[PDB]
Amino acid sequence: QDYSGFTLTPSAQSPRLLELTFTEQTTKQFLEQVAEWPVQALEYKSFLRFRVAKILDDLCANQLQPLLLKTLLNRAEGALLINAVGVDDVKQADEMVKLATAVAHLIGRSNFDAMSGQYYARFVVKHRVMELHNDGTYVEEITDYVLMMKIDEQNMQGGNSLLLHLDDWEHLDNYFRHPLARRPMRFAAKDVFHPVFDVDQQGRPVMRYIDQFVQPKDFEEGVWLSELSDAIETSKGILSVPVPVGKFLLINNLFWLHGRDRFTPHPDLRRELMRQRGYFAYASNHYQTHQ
């Protein structure tokens, strides 16, 4: 469908993943209107992250924020691949960070990243599969969304993003109905305790799982987790999504798992990534008390 300032079309891999592309005029107007705040200003004054968010939504006639929220909160969808025409070179890295910052802070706020000391983190890669998982399993607070942007890609074969929607996972019911699905388990980076499965407000399964940080306490927990891991990694429902330079995935971390495919080692290989993670925060008509 055609919106004001951007277009929206389903991905080739799945109708659950929608591709959102900002038009060229929108992209140029946005970058002009945020030129006076470099990324270092966004790092130092967090309210500027919401200022650039409002500027982008205003340029889309205030159609962007409700669309982002409706897509990410919809159980049938919950995932976007987002880009802006004209921003597609490593040479535009700062502008990429601004764009992703503006989109993310229309639907919530990105959390402190311990690897960078900032609200976002950039990594340079210079080859085995990274297993499907959820982010933020080792703290008490829930991470609602994961944002992963491709900043550079050079002599790279493979390395697609892997995604798994729980309602595409053919083994969901077998593991969700197991008593250990509800057993609170230790997660360690202070340790936290929570089950591997939970439910959304409608009672549908959600997941908070990663094989590296879950700490089975005994032979019962450990064997079940090793079978769970195999059942996830071999699922027929996994998507393999290329993320070209300038595009970023933005997914609901509660019923999407994500990972990374193998890639070929190459002497002239360079991949650069940017990530942000946060919680949803939005207005809705709902009950309160007092005045």
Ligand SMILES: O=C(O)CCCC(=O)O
Given for the second form:
Protein chains: 4
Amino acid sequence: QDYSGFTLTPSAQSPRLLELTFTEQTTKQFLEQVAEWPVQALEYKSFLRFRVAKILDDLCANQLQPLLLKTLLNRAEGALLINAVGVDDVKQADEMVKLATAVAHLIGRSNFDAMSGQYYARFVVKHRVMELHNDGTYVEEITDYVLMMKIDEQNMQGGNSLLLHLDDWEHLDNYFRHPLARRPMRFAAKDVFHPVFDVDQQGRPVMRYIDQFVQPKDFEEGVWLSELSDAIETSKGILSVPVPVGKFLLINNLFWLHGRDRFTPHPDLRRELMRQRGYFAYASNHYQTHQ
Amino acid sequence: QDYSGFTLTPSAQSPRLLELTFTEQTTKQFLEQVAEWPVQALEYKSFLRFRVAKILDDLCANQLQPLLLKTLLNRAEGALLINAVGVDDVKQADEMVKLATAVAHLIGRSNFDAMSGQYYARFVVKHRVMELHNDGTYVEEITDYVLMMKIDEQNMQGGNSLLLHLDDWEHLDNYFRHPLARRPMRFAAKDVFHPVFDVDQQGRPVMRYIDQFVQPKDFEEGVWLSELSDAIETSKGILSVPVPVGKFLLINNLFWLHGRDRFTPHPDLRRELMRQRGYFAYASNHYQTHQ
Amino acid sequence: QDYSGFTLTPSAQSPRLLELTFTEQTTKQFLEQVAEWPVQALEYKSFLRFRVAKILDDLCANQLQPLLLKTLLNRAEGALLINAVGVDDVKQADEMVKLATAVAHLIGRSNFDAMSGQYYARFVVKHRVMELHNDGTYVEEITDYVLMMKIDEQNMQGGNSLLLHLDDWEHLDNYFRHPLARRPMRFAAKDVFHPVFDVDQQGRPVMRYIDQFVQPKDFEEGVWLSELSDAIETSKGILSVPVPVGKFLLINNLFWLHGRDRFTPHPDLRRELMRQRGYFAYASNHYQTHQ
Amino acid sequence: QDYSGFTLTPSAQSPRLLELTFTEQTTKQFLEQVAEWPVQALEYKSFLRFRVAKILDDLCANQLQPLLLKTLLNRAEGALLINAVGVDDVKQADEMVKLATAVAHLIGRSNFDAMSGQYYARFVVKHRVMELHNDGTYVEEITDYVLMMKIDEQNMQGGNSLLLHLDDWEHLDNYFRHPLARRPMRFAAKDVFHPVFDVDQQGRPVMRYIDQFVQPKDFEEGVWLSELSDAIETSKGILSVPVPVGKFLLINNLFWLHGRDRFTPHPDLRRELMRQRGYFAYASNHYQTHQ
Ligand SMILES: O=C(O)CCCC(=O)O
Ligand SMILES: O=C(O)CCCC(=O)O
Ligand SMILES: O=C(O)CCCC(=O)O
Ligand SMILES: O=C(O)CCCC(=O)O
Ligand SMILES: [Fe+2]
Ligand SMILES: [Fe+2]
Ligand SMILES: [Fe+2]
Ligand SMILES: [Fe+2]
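Return the structure block for the form deposited with the ligand bound; the form solved without the ligand was the one displayed.
Entire complex below, previous chain first.
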């Protein structure tokens, strides 16, 4: 469908993953109206992350924020691949960070990243599969969204993002109905405890899993987790998604798992990524007390 | 008016800001009577900060402490620019620190400075505006006073101290009456929570704001804070105050915000500053219990 | 006796210490079936420690785990010296770690080692007695088992493992019946407090002692601890056990103490060790509440 | 008087300070019987500190411990200068540490020293007065004793230990009867709070004072502390005590303050000191409950 300032279309991998593209006109207006604040301004003054979010959404006739929220909160969807026409080269890395910042802070707030010391982190790669997982499993607070952007890509064969929506996982009911699915387990990167599975508000399964940080306490937990790992990694429901330079995935971390495919080692390989993770925060008609 | 040991006169920028000058006679007597304790003695033995405060006030026929307290506690004023005749060169930096220490510890105590590891900090600059703010917003305890002294100044164009008394801010009522004015927000440099506005004992607005450390949790808090920032930074009530070498500002941190103007980058630029921050502590007739 | 996949035989030092040897056939099958996961995979993904435990026990017709548990939990025994035919050279260090990992995680879980940052630690030596002690005395949680493996041994004269089963200690009753045996004392490597002696479920003495970390608070505690030390170190019940390359001791840390004999300083001496410590965890028929 | 293994005699500075000298026969027997444990053994295994204490006291026909306790606990005395005939050269530093360790652990236990990471600390000096103070004022637990030993002394003019018994301080009653004497104040090297004065079991004044770590909160506390400082530093009751190599002071930290006199800067100056601090612990007939 045609919205104000962007277009929206289902991906070739899955109707659950929608591709959102900001038009050139919208992109150049946004970059002009946020040229005043460099990325370092966003790092130091967090309210500016919300200011550039507003500018972007205002440029979309206030259609962007409700569309982002409806898509990410919809159990049937929950995943976007987002880009802006004309932003597609590593030389525009700062513009990429500004744009991703604006989109994220229309739907929530991005958390501190211990690896960068900022609300986002940039990584350079210069090659086996990264297994599917949820982020944020080793802290008490829930991470609702994962944002992963391709900043640069050179002589890169393979390395697609891997995605699995829990409602596409043919082994969901077998593992979810197991008693250990509800057992709180230790997670360590202070340790926290929570089960591998939980439920959303409607009783449907969500996951809080990563194989590196879950710490099975005994043989019973361990053997079950290793079968869970196999059952996830071999699932026929996994999506394999190219993420070209200037595109980013924005996914609901509760019922999507993500990872990364193997890629070819090449001497001149360069891949740059940018990540953000945070929680949802948005207005809705709902109950409160007092005045 | 003519006091004992010093003179007091309103500034050219504002009747709220008073200029206090210690006479040459008072200055040389003070420096003589405190020559026994170098600044390093004040760093190691905090009661000596109060000893040099007493010496200074005794040299003013005990008129200084009550004048300092009455001015800083007066909502109509709350700000002093203080100097001593004959102390005006970077070579007298230690004397400057002694004098500022004596003045501060007549009205309170200066807190530990994480940047220096001492009760004061000296910074050298060798250029855009520093936005108006209150100090101490990222800890639980209230900072009542900010003390900022010019130790050295070379080839410096611009860079005045910026000051804003809340009762000169034409947008006070619009932001203070907003519901978010009373919302406790997260501040981070352990995180603390408090609103951007509060009230003094008489119900009049005070502020605990800085754009770098306030952490809006969502789009609602963020957009409001960015408009607050604009409304402060563009206020026609801001004072632009030169602070010559050997002068220091001493302001009530609750209803004055402070910052620093842009200055010209110059290859041979040198500016040295000294800061102290602390809480008020003083005698008054008021109620207690027991014996 | 002849079990499935291994043999079991009493040691020459003591009927309490049993020697368990995996057959060549079992050893090569295990190494083949776990070749897919290098040691670094076990370091990062703890459930894999339980996966390789299962593979080993499945290769023993599920006779290994119950035998390990029955031996280690038996007060009359509680100690194993374990090896696999064909794994006996430092070049197979990784295979050694895999095998020891599999055995340990059939009976419990190995704890984080602050010296290595992993669930195990490797040390190289390149010479006086290490006194008998229990591990884990400076934390609140009980360490049930100590696993010590010889990875390499070159020009090594002496240095046997020293072992003492409390039921072989001729001074047990004299020290256990002393009031200070039940006095909680301070242990420090946050400090913890516990007595030097405790009891198992049947009222029989267990120990939580090491001379370096126990911190007697006064002359009374100190003199008694020094006599305890002498009484342990001179006990005629101590076993002196060679541990050849590829063998490991696996002992119940509650009623066995361990240490190390003096060895000859030699310029070309090389000794490599690997340790794991953890808690028991296993299935048994016992009571629970609720459903 | 003549005791078994040592002699005891009042000092030339004060009848409150007694000089205890171990005879040559006692000294050589002690060093022989503790030759088995080097100082590094005492650092690692704290009960050995009590073992060498016992050996020393046994060599004194068990007269040493009761004499040490009676002297240090006696309000009229509370201070010893201790030496052993034949131990008087820096080359015997380890022997000095052994001897001081044995004496201290007959009457208590020496605490961890953050400056050395051991139960004692050695410092080399290679020159103004160190003001009188009590140790341990910045932690919650009471330090009952300070032990200070001269390990080496070369081209040293001046630098006597300074001592003040509170019952020799002509200003005791004036400061003790002041309300601020009972005011808990902040001490910082987590901060602790306690008054400058307290009382012993009989209501007599004790002190917990040092000018560097006490943190007066305001002008009232500060001015009073500075007068207290003057009143202590100018007291005519201060003792000036040479401490030759191999001698150590052992004082009751509650009613003795200590410091150090000025000394002459000399290019070839070398002074080595060893300190221990701890709490009293000893047997006495007194009440308990239960069995
Ligand atoms: O993001 C997190 O907080 C946990 C997952 C880290 C990873 O991506 O491996
Ligand atoms: O002073 C503080 O404690 C907060 C403000 C720091 C600044 O001046 O930017
Ligand atoms: O293992 C531990 O946790 C304590 C003992 C350390 C040692 O082997 O000396
Ligand atoms: O010993 C302490 O714990 C406090 C005093 C330190 C000093 O001797 O200056
Ligand atoms: Fe991730
Ligand atoms: Fe400031
Ligand atoms: Fe051990
Ligand atoms: Fe001291």
